[PDB]
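Each chain, written out:
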Amino acid sequence: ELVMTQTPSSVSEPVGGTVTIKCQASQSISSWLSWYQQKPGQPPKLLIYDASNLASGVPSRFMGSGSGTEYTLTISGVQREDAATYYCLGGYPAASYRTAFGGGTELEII
Amino acid sequence: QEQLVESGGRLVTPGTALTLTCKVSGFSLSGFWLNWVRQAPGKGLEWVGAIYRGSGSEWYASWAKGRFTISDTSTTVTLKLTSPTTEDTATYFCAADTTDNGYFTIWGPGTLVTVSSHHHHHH
Amino acid sequence: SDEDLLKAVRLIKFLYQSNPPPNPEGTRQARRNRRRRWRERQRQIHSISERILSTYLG
Ligand SMILES: [Cl-]
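Protein chains in written order, with the entry's author numbering: chain B, 1 to 110; chain A, 1 to 123; chain N, 8 to 65.
Okay, chain B solo, but in the shape it has when bound:
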């Protein structure tokens, strides 16, 4: 039932630039929103939890925010190691609407 609409599909940014990634929830999820980073051949890694909290071992350049149904992942001073694919995860397994991933954002660094 829950649909997470993630935009954009792809972003190209030079080193030191700011990246903005958005996720829109089809239902009210409140702080039930997390952000993940995935690099080729590896499982995804937690970046942001409870919509705006920085996860253990994540650079401070990664920022999460949420206002109602709109959620944002900001990467302030993009580094070469930030080239990856990003995903949001909304909802809860036992919620009426279940839990769902956004379609992802492929970030390339110039």
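Please note that the accuracy of each hint is not assured.
Claimed, not checked - With the Cβ distance kept under 8 Å, some of the chain A side facing chain B (calculated, not the full set): (1) 32; (2) 33; (3) 42; (4) 47; (5) 54; (6) 56; (7) 59; (8) 61; (9) 62; (10) 101; (11) 102; (12) 103; (13) 104; (14) 105; (15) 109; (16) 110.
Hint data in this document are derived by calculation from the structure and do not stem from the laboratory.
A virtual CB, placed ideally from N, CA and C, is assigned to each residue, including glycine.
Got chain B sorted already, so can you dock chains A and N with the ligand onto it with the hints?
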């Protein structure tokens, strides 16, 4: 400490029932959500379902129900693919939620499932 | 939806049943530590319950 290892990934013909296992180790916690996530080659992450480990409480994605069965064991969580199709070709990961808050902190490296009527071929 | 609701309630019931009250002896700072730790976990289950249930109540 906390570790998840998935196994069972094989090459199968369509309709061949298959079971994947998530070896759960080093978790101090008793009850927690153990989730199954899949990723088709070159595609996005898809939530399949979860089981809350202390109980028998199984939760499935709308598309997953009837096609997947999550089962809890003493030291394992299994995912059975009842009747796979070519659309079920993917890497299957197990991911644990350590707080009950909904987010995934620990992931397994994944297990690859290929559904095809053909044997492997080199590129 | 009706079976989902029943399953969510049986789950919430399981969560509450998984945090039973500790032995209230008040012996050490460890006795009052357990109570503090029990309360935090109770409040969390209360909050997880309300959020799960609000998805069933609209
Ligand atoms: Cl769903």
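Right, here's what the structure says about each hint:
1. 32: violated, 11 Å
2. 33: Constraint on residue 33 of chain A satisfied, holds at 6 Å.
3. 42: violated, 10 Å
4. 47: Cβ of residue 47 of chain A sits 5 Å from chain B, so the hint holds.
5. 54: With a minimum Cβ separation of about 13 Å from chain B (threshold 8 Å), the hint on residue 54 of chain A is violated.
6. 56: The hint is violated - residue 56 of chain A has no Cβ within 8 Å of chain B, the shortest such distance being about 13 Å.
7. 59: holds, 4 Å
8. 61: Hint on residue 61 of chain A: holds, closest Cβ of chain B at ~6 Å, below 8 Å.
9. 62: Holds. Min distance 7 Å.
10. 101: holds, 7 Å
11. 102: holds, 5 Å
12. 103: holds, 4 Å
13. 104: At 6 Å from the nearest chain B Cβ, residue 104 of chain A passes the 8 Å test, so the hint holds.
14. 105: holds, 6 Å
15. 109: Since chain B brings a Cβ to about 6 Å from residue 109 of chain A, closer than 8 Å, the hint holds.
16. 110: Holds - the Cβ of residue 110 of chain A comes within 8 Å of chain B, reaching about 6 Å at its closest.
Consistency with the previously given hints fails for numbers 1, 3, 5, 6, ordered from lowest to highest.
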